[PDB]
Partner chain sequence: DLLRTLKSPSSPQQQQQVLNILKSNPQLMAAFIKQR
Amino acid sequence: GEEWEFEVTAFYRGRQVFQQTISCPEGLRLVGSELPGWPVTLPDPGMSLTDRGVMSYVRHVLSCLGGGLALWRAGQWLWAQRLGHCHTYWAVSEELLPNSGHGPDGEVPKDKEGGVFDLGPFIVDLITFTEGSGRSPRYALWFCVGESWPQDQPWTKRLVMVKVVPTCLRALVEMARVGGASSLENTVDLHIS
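Structure for the chain I just gave, only that chain, in the form solved in complex with its partner chain, please.
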């Protein structure tokens, strides 16, 4: 009931390979094979890829996930915890672009859970967006699994990138847009002759 519905979309090397929407009371765990949390198995890359070198490295990353990447809501926070051996870095960004321009927002911890999203400042920014701030609050979590965050490379090079959207936050931003809030930049310059 206090669960959140998450839309999970996985990409291997810039190709969408998986998408599932899960609303579990104990959150989810992104795993690499078949513990609390709903296990969401990231698919074998032989289903969707054909580059054998990339497939080998993706398979290696997935075999080191262990108990998985745990993600769940408790109160005002989304919490994340890394239960296996793949270092995982995260950022809040856009639906179709993992890069925010300011590197990763953090690394997912292993020994304890760590906060990755605070509903409090999201709601503050949602309210000021309805008031004319011109900036919609971001909600799409991106996880770079087994490699450093792609600062100096296109994200499509990364072996395993997972987007997780809490769908209720997506909906709240849409409600603000339907009500008349816009993020369109005042400096937009059309090139029409």
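Numbering follows the first chain given and starts at 1. Take the two forms, superpose them, and find the largest set of C-alpha atoms that agree within 1.5 Å; that set is the rigid core. Compared with the form deposited without its partner chain:
Following superposition on the rigid core between the two forms, the residue from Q20, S23, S183, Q16 with a C-alpha displacement of 2 angstroms or more is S183, and no other.
Fitting the two forms on the rigid core leaves the C-alpha of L49 displaced by at least 2 angstroms between the two forms.
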Contents of the next structure:
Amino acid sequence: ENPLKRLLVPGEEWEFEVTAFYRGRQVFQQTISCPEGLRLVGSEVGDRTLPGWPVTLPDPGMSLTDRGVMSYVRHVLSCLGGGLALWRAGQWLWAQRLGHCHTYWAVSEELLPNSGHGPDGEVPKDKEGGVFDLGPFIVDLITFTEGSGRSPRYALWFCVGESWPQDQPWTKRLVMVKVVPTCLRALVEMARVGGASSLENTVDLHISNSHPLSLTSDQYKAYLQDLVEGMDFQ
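After the form solved in complex with its partner chain, can we look at the form deposited without its partner chain?
Shown next is a single chain and nothing more.
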């Protein structure tokens, strides 16, 4: 049996590492494991009955140093309302806006949101929107194990309350939020150190009900191909 299929079984929960940045400064980090996904809110007030795990972004500061911009940050957090919903349905991650803050997203690197390609689009409000497809990710991951392509991107960056910072430093934006499906961080890491020969390495898939995985490089590449053949493609 393929242990990597555990990611795509219904009822299983991925871990989402949420990291928030106010003006190029990390202010918040929390890991969420919820079946109905997460929900980036700013605590006003609110509808407690809304599905998804509430992730409250912290209030900024009331400092004489940095207040001409922290009032703007607090202004954005006051308009998140229902917040930014992010959940998983099968092999897709879905994001939707429930508040009044226009939000732009992109699947980029972990230490840098804006590479140059621009945003992958804006988080929709009236409909749910696909932000990540596991299909193309595994395919690119196999090619990465096959010493050819580059490392596939898995980090979801969100630019809240402002337009996407293209050709501008991302430290200028008021509210930036990085969300990482920690299973994908592991899969990439497993392919980063594991590709030494046919030895064993250990990968924690970081998902609900799962044990560590001691696999060989060939075994890992075999499971990945078997994972692909059992997924929808476009």
